[PDB]
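Below you'll find only one chain, the form deposited in one PDB entry, shown as structure tokens.
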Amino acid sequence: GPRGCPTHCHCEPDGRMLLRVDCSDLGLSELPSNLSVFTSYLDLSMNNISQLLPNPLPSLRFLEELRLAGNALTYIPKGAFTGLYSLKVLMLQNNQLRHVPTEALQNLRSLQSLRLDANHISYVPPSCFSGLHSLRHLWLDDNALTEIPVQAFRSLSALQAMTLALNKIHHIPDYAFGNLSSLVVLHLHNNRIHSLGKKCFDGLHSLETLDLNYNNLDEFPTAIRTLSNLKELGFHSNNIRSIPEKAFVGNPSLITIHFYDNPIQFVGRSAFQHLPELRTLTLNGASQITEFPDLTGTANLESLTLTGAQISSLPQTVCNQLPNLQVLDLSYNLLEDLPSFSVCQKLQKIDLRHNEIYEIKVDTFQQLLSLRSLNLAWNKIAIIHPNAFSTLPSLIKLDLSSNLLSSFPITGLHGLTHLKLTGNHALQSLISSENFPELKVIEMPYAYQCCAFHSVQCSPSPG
């Protein structure tokens, strides 16, 4: 009743005593007079307010959330917000501020969320945040920052989330965040960063997510060894060329690590030790990788892709470290003699295409009851032991293409839905009577065993 709405806005009762006022998107300048001292929420988004120099309302002591996003603010006067004793959330995105207000924000002691994203902010006055003892989330996303405002951040010990993404920061010095001991998330993506101090993250005792994606990083960000609580790390799309030995020793809780779209050439054998929370590891094109990585500590990988390197041999015991592996892909390597993948009991897809494999034996794929696909395309495979596919019940797809198979070929297997044999050249002895029913996609080396023979799609060219 006595609370009441300003002209054109939509209001709502917040509880028995307070008022939720929405005045967004009715082009305005400075709204009042006659807004209720009992207003707890005030949306002034998407208007034309270029100055709230000629009011404001320092009487709104119950105001929890104030939205001024999407106006034309270029300047915030020292006392713009004096009197807002209950102010929890302050939204200022998408205006045209060029610096963070020097004083207007000091001592807003209840303030927990501050949005300054999408302005033209090139400067953070060193004490502009002085007094923000409750500040938990700070968004400076999409401005014109060129450097980390180290002094100004000193006094944000309670800060839990921050973005500085989409700015132009090119360097992070040691201790740049040294006092943000509560920080959980930090976003620095889409900046211009070519250099990290060796301690630039020292101080961030609580950090769990760290986002360096899309920068110009030159080398692996060693400063992470200190971030013990890290769960999510991103540095994809940089120009990092190697991942060192013991890269992640400091970060045992890592669940996700993104580093694709980096010209990574080498990785340390130890790089991924002790990552019990890691569930997938994929390394494409790490062309100078010679050895197979050690995975002690890292037993819960259910997918492991390591393509395009120069691994010639697997340790005999490799599956000891792969108890839960479901997908293995060592495509485009230098593998000749391969061991028994039997301990890899949960394996259900294998890809060894483009290696230097010549002989598969009884052991190699034995007792892999869950194994659905096996691709061995483009090897030197001459001799497949006759029982080698015997213990492979789930086996649906089998690609033996382009290797020097022949007399003799393939049986005791039979559950197939897909078979590729194309490119096998001493296999004119292409007898292939459909003993095994299940097949719905064949590829035969010679055109003839397609028509020479229930949708049996066949290749190459049925005559």
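Positions refer to the first chain, counted from 1. C-alpha atoms forming the largest set that superposes within 1.5 Å between two forms make up the rigid core. What changes on going to the form deposited in another entry:
- Note: rigid core superposed between these two forms; among 246, 385, 168, 231, the CA shift is 2 Å or more only at 385.
- Positional change of residue 25 between these two forms stays under 2 Å at the C-alpha, relative to the superposed core.
- Relative to the superposed core, residue 202 undergoes a Cα shift smaller than 2 Å between these two forms.
- Residue displacement note: residue 9 has its CA displaced by under 2 Å between these two forms (rigid core superposed).
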Contents of the next structure:
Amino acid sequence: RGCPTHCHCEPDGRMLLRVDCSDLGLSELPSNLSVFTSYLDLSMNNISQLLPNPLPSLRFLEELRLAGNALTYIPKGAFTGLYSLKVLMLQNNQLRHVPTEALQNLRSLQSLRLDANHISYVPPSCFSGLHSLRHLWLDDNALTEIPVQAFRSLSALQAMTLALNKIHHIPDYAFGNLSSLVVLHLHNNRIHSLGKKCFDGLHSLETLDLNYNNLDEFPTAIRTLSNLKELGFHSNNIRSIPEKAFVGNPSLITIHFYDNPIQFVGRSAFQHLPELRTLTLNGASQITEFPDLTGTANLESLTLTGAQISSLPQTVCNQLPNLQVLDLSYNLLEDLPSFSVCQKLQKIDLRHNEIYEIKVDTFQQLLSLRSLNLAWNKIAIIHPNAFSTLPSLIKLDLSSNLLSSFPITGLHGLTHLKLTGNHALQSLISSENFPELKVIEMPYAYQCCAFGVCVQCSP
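Same protein, the form deposited in another entry this time rather than the form deposited in one PDB entry?
The next block holds one chain only.
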């Protein structure tokens, strides 16, 4: 009986009261609320008006949840007296604009959820006096533009999402005074064009997300974002990454740009990024040269496929001391350098290139290599000791090459071996040069049977 009828209540850490009145089909607020209420949940009810409220007495109320009600409208004085209010949740209501006045001057407000409404207009001064606002959710509404004026105020803001709206253009200085902004999410909009200075003012930004938009061109505007650590522009229509593209972003750990029809990438584009951990390009046709990675020595994973790459530099592994995954399938590679200076490599995929021989030193002393795939090359000779120093090697795919014999030394630990489509490879191979094999694909079935299988062997 210290709790409203049908509601459930519980003391918080300071013994102030948490009141749960969610999911009771209430059309109006409950009556006998303790002045010692720190948290009030009125989610999932049928509240469309806040005329008769006892809210002015709730001077310790820090968190108010009004999600999932029928609010189309919030009047000027609705939050009068909630001097302690830190978090306001209005997500999943029917607002068609941000209330013009109800949210002004909530001085202690840190978190405001307006997501999943039908909001098409942000009035110029609706965030006025929100000196304390840190986190703003405007995702899943009907915005057609950045409300440049309304955000003029908000210099204390750290996290914002405008995702899942219909924004088509970001003008120069659109976020010009958000100097504390750390994360900005713009995914699932319809952004085609960005001004050349559209992100100026975002001095503190570490995460920028432009995924799932309609950009035709690389966002030059990021040059200013000197603290950017994570950048996402995947699933757009970007066609090239220009030279010195990330010259202003030496702290980038993560750059995600897959599902862009990228064709060209500048010579310098990925230099001087000492923190970047992964690089992935699938289908980059007009790339004829392996990128220069000077100052970018921390890649753990590198994938560059579907390009016209013919050669790698002899000294390519000097730039790849931490590389664990290298995928260059679907290029035009003929001559392989030595990969031994890539000491960390765990997985190498070189399928569908034009490689004709494996030399003695190509894979020497890769003690962590687990899986090597050379399927669909034109390999006619492998030096007998090419795999001598690969104690970790567990999977080997040499399908669809031109081999006429097959090396033994260094492959006693294999569990997976694939050789089909080497017609000339008619020599047998015996079960305890390869005791640990569990999947074999042989050139002919008689090679399976001679092995002792007629453990999976094909054919």
